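One-letter residues, chain by chain:
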Amino acid sequence: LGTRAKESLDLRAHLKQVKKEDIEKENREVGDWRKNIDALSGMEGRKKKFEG
Amino acid sequence: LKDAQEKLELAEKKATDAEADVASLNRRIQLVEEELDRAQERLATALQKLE
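So the protein lines, in turn, are chains H and K. Under the deposited numbering, think of the first position of the first sequence as 160, with each following residue one higher. Under the deposited numbering, think of the first position of the second sequence as 64, with each following residue one higher.
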């Protein structure tokens, strides 16, 4: 009975592996990009051209 | 006339100077207001994220 019960757990171990070890492929996507600021420095233009 | 001439020239130079100053300062105030508003929108984004 113990062996038969543990057989199901051993089978589910593979499913657990497929669930868990695979998500380790990458997790840095939460890392965001630069998103830099200007601090009133990137204002070096006049009212010369606006369409381009 | 010569007195009027000098008066006219000096007043014209002063007027043009004041106009240039106020125009450039208007551009500056536009830029700083843009700074303020865009920063405010960042504030709103942050508020939503934290909540």
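Hints in this document: simulated from the structure, not taken from any laboratory. One or more hints might be untrue.
Derived pair list, reagent style DMTMM-like, types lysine to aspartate or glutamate, alpha-carbon separation capped at 25 angstroms [as the list claims (entries may be wrong)]:
#1 H:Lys-207 / K:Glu-96
#2 H:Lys-206 / K:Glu-82
#3 H:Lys-208 / K:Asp-84
#4 K:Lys-112 / H:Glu-203
#5 H:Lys-206 / K:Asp-80
#6 H:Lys-206 / K:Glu-97
#7 H:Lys-207 / K:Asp-84
#8 K:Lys-112 / H:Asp-191
#9 H:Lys-207 / K:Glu-69
#10 K:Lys-112 / H:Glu-166
#11 H:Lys-206 / K:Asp-84
#12 H:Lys-208 / K:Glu-69
#13 H:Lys-179 / K:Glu-97
#14 H:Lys-207 / K:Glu-114
#15 H:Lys-206 / K:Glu-98
#16 H:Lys-194 / K:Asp-80
#17 H:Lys-194 / K:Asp-100
#18 H:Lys-208 / K:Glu-114
#19 H:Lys-194 / K:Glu-96
#20 H:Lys-208 / K:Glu-75
#21 H:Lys-207 / K:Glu-98
#22 H:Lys-206 / K:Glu-96
#23 K:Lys-112 / H:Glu-185
#24 H:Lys-194 / K:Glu-114
To give an idea of the interface, some chain H residues facing chain K are shown, with a C-beta separation under 10 angstroms as derived from the structure [stated by the list, open to error]:
#25 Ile-196
#26 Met-202
#27 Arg-205
#28 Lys-206
#29 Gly-211
Don't be surprised by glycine CBs; every beta carbon is placed ideally from N, CA and C.
Do the hints match the structure? See the list:
Restraint check for H:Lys-207 and K:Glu-96: the C-alpha separation of about 20 angstroms stays at or below 25 angstroms, so the hint holds. A threshold of 25 angstroms between alpha carbons decides the hint, and for H:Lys-206 with K:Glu-82 the separation of about 17 angstroms falls inside it, so the pair holds. Between the alpha carbons of H:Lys-208 and K:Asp-84 the distance comes to roughly 22 angstroms, so the proposed pair stays at or under 25 angstroms and holds. As the CA atoms of K:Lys-112 and H:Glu-203 are separated by approximately 32 angstroms, the hinted pair breaks the 25 angstroms bound.
Note on H:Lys-206 and K:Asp-80: the hinted pairing holds, with a Cα-Cα distance of about 20 angstroms set against a maximum of 25 angstroms. Distance hint between H:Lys-206 and K:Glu-97 is fulfilled; the C-alpha atoms sit about 15 angstroms from each other, no more than 25 angstroms. Between H:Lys-207 and K:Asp-84 the CA atoms are separated by roughly 19 angstroms; this keeps the pair inside 25 angstroms, and the hint holds. Using a Cα cut-off of 25 angstroms, the hinted pair K:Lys-112 and H:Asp-191 holds, with the two alpha carbons roughly 14 angstroms apart.
A C-alpha spacing of about 35 angstroms is found between H:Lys-207 and K:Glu-69, which places the hinted pair above 25 angstroms, so the restraint is violated. Under the criterion of a C-alpha separation no larger than 25 angstroms, the hint pairing K:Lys-112 with H:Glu-166 is inconsistent with the structure, at around 46 angstroms. A threshold of 25 angstroms between alpha carbons decides the hint, and for H:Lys-206 with K:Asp-84 the separation of about 16 angstroms falls inside it, so the pair holds. A hinted pair counts as satisfied when its Cα atoms are at most 25 angstroms apart, and H:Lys-208 with K:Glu-69 does not qualify at roughly 39 angstroms.
Taken as a hint, the H:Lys-179 and K:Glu-97 pair is broken in the structure, with Cα atoms around 48 angstroms apart against an allowance of 25 angstroms. A hinted pair counts as satisfied when its Cα atoms are at most 25 angstroms apart, and H:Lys-207 with K:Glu-114 does not qualify at roughly 42 angstroms. At most 25 angstroms may separate the alpha-carbon atoms for a hinted pair to count; H:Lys-206 and K:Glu-98 meet this at roughly 18 angstroms. Distance check on the hinted pair: H:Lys-194 and K:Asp-80 sit about 40 angstroms apart at the alpha-carbon level, beyond 25 angstroms; violated.
For the hint pairing H:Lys-194 with K:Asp-100, the CA-to-CA distance comes to about 17 angstroms; that is within 25 angstroms, so the pair holds. Proposed proximity of H:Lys-208 and K:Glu-114 is contradicted: the alpha carbons are some 41 angstroms apart, above 25 angstroms. For the hint linking H:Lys-194 to K:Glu-96, the alpha-carbon distance of about 20 angstroms falls within 25 angstroms, and the restraint holds. Restraint check: the Cα-Cα separation between H:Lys-208 and K:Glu-75 comes to about 30 angstroms, which exceeds 25 angstroms; the hinted pair is violated.
Annotation: proposed proximity of H:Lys-207 to K:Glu-98 holds, straight-line Cα distance about 21 angstroms (limit 25 angstroms). Taken as a hint, the H:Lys-206 and K:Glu-96 pair is honoured in the structure, with Cα atoms around 17 angstroms apart against an allowance of 25 angstroms. In summary, the hint linking K:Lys-112 to H:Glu-185 is supported, as the alpha carbons are separated by about 24 angstroms, within the 25 angstroms threshold. For the given pair, H:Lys-194 sits about 21 angstroms from K:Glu-114 by alpha-carbon distance, which is consistent with the 25 angstroms threshold.
Hint status for H:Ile-196 relative to chain K: holds, with the closest Cβ pair at about 9 angstroms, below 10 angstroms. With a cut of 10 angstroms, the hint placing H:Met-202 at the interface with chain K holds, because the nearest CB-to-CB distance is about 5 angstroms. For the restraint placing H:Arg-205 at the interface with chain K, the shortest Cβ-Cβ distance is roughly 8 angstroms, inside the 10 angstroms limit, so the hint holds. Taking 10 angstroms as the C-beta contact cut-off toward chain K, the hint placing H:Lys-206 at the interface holds, the least distance being around 8 angstroms.
Using the Cβ-Cβ criterion of 10 angstroms, the hint placing H:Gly-211 at the interface with chain K is not satisfied: the shortest such distance is roughly 20 angstroms.
Going through the hint list in order, the structure does not satisfy hints 4, 9, 10, 12, 13, 14, 16, 18, 20 and 29.
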